[PDB]
Amino acid sequence: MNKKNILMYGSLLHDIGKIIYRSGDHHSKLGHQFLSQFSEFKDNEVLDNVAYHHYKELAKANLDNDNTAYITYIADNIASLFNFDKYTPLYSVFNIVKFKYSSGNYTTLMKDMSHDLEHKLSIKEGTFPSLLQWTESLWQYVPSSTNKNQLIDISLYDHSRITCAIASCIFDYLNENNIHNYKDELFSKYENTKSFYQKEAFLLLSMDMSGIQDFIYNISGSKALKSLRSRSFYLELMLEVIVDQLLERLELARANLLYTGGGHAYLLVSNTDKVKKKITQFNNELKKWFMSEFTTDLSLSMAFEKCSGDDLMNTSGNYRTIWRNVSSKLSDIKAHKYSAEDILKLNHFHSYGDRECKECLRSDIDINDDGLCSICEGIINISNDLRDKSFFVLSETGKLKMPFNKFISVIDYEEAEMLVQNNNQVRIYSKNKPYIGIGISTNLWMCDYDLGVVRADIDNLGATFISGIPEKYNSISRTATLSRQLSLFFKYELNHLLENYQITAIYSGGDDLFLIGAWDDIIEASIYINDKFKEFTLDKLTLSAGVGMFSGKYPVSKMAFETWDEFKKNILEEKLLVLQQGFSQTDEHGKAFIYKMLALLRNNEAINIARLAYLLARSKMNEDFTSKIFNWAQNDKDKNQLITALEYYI
Amino acid sequence: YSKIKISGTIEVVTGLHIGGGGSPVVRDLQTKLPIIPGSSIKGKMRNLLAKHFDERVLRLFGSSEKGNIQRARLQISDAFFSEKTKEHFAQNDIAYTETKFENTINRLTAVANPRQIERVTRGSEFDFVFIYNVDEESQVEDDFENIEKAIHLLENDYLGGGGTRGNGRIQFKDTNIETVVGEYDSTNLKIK
Amino acid sequence: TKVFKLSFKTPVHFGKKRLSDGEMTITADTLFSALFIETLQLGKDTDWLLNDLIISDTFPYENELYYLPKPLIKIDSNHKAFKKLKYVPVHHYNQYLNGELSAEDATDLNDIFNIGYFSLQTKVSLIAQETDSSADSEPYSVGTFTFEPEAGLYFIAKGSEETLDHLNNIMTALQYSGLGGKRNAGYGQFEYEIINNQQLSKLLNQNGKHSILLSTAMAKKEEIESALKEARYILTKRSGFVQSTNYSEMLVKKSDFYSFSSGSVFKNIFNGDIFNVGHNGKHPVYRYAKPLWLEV
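Chains as they are written, first to last, in PDB author numbering: chain F, 1 to 26, 33 to 86, 105 to 121, 132 to 134, 151 to 500, 526 to 638, 664 to 750; chain B, 2 to 23, 33 to 63, 76 to 214; chain H, 5 to 81, 86 to 304.
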């Protein structure tokens, strides 16, 4: 095996022995023994990597000055008195900004992983993403370190992933910078060791989609629902294919991806000249593409910054400094976007063009039948194909046009298999489905469930991403796990929470919540989602949201640009309920009576209060209902709330 | 090249209902006073003056969608409550909108299903401005004859919805015609 | 170098892509186009007011406060409160340029920025077979903006005194035409007043090293390479149809043009040019790209 792949397959299993010890019915040596019965993972150097992930063991292993395990040692140190309680419950990070233990659970997980390891896992050059996926499937809530004295908030999956990432980065940095006897480069003396933490061997990279909003919200046609679920998804999959293709270029693993969503993506890559040269060339090719189709509607900007491993261990809070610095470099290299010859080329092409797609408000793109271009029709095709099929394939013919001369078509799981033994250079992107284990199984997360419109933003998210937990939990590992938690919340929990509601999910992820449906249903679902979020964030993070009433058949591009305890307890629960009971008990109170009530109320005058008293007297409601209404009517806050509640009644 | 200005005020003889909300009536989202859109005036005037007969219809309002392009020669703006109607209604304490209850009778069943339609109050006054871009000297007499006949027709017709059912009758008072650009005389042109 | 103040009293549609779209301010492209069309309607001479007049974009005002766009300058600290902000009044503009603006001040300035509200008015079109026989109506929508009784937009123009006298005459002609979209259907008339504000004059007549582009410009072919040395800018595809060029309006449509936005910052000044977007036509059609620089 390629030595890089040896680092991969060994590192991602360095702390495997923990699940085995914690089992009791079943650390370095224990994990070494466990992995050592299986034909596929019968590779020996991986066994050495796993068996030697710690200082004491390495003291006597007499390994070569070049043996992959040393990088594993430094990686685990970077990612990270010692009495480990096997029953320690994992804590949610959101508090500091427990989950659901007993012995037999670990035994069951041992059974499950032996099952998958005999029947689902196999060792080849390209199966590393699959190994990562199975680790993701099985470990996301098994505590990584169960030290009684540490704030336990890292899952073993997170620890393993970040260790593998750091190991890959170290290997590239050392191999490129002409060092081979790593035992002497790193392990020899702690002062030399400390220097290695200090050398800027890492680059953090950023991405940003420029023109999200105007591309997603330029719709006027009759297939408003059908396009939007598809346009959003096309833009999302564009971001995903860009990031995957970049990772493929840099020969790095899918682990080095730390966050995707919205338009941003963060990559941790090697700090070599080779990597930087490739990054520049790839930026060139991407920008040329994006000009070659859109020219203002979509563009991508990347920037990178040198960072030293000492900064990843939260040594001086400097993680926050470097992270803000790369953010500023991105926000200030989105200024200078087009070179001189570029802007000339944009302005001097006198071309015979037809006119603006009815569905897609764009002139430059070239329309056809029904006043629609080819791209809009491909978007309509993928829209039709969304609901029934789940797997998404990157191939040379496809239906929709992808970046680096690729296309997407749609298939089913049997069809995916048939492509797999066909050995076509394919990637599978799924509809939130694990237990795939099919070729490049890439469980991409996207909330597909299927007037009122709702938009929501996390209020404290810039700080949370950036400031985080102060002074003591600011590693790469802990911000990474926080990111994963928010992402998985917005990419699974919405799907489940929205079930009992007549709503289709349009664009959800990051911190943006965009749902559209029936008036009453949108309000009820919004309240339910706010409460369920406050549950999951332990009442640490707040949401701000707006819901408006929009008539059917409006151009959805226009409705989008228009768009808690108080509302639930005071308005919906008390006033609305008593009002609904009042009208339910007494008939003949049609929209006329209610609207006369409005007519009196909105004009805030005392003579109107007397008139409203007369009207309520002429009604035939129970004395309690009339009395409550009149007492509320005497008070400004109560009367506004009453107006809102009765308006909701209609 | 001169620009003729046709300004005046219109009274709501019988209740008016434009009802862009529906059944509300069009308003301004802050002042909460009703308005009468220019699109309504222009559309009803065009329909009447065309049904009266063409080239003149193209000339006054402009179509530019039939393989030849003609620029609009009459510009119609919205109208608003005058200060006079506002002060009068305030002093005498009259609301700005009336709401009429209506009803429908089924046949073979004779069950009544009621309606609720909002209507602008009788006596309200709207102030309007028209503009006439005289692009040809030798046609102003003809074009004001046409606009005269159009206003005469609108006097005897309705604006908005439900006019067959008895609402929308308007009146035109206090029309003055002044030349505000150029050196064209307008002391002979006439509109009731 | 006078400035013009625009009061409307009738809601205006200004448009970016579709008739149901609503925009608050417009650019020197549409303004210069309007002045050109009214000059031609008047039958006056166009050479004088073609290659001598410099117009800034439109910028809103409130009761006694005047507003200019945000310079896209690189401030080193939130990166949130400033993003939600578009315009900075004349009082605090030099403060913004020199970091004297605080986050709470940003929140306050945003809070005070209520200078108009947006709306969609529904309409129906019964020219169709509803004239003839059973046939559905075809409702359409328009996007409008309405200003509170002390809001509007304002210009900044400069040139020779004769050019400004001509501009005054044409503006008097224009106040009874419109400045927007559905002009003929009842949107967009205005009355204008010329006032000389000491503070805005002071701001315009400084001397510095940077430059804040207040209009929409595009450098000529032979200056762009040295123009873009150190800059922060946003490009905008500016499109649209043309009025009385060929037989079919639907078949005539200006070639798309890109120009820098109205907040970009530059080191080396460039003069602009009135660029043709013309082809397949009987007369040239002009687009405007000439900067009005603010030097600080």
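Simulated from the structure, these hints should not be mistaken for lab results. Be aware that one or more of the hints could be misleading.
To be verified - Here are the computed distance ranges between Cβ atoms for each label pair:
| # | chain 1 | residue 1 | chain 2 | residue 2 | range |
| --- | --- | --- | --- | --- | --- |
| 1 | H | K88 | F | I750 | 54 to 60 Å |
| 2 | F | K737 | B | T126 | 38 to 44 Å |
| 3 | B | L175 | H | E170 | 47 to 53 Å |
| 4 | H | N106 | F | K439 | 57 to 63 Å |
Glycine included, every Cβ here is placed at the ideal spot set by N, Cα and C.
Evaluated hints:
1. The supplied range of 54 to 60 Å is broken by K88/H and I750/F, whose beta-carbon atoms lie about 38 Å from each other.
2. Taking 38 to 44 Å as the suggested C-beta distance range, the pair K737/F and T126/B conforms, at roughly 41 Å.
3. At roughly 49 Å, the beta carbons of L175/B and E170/H sit within the given window of 47 to 53 Å.
4. For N106/H paired with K439/F, a C-beta distance near 58 Å keeps the hint of 57 to 63 Å intact.
Of the numbered hints given earlier, the model fails hint 1 alone.
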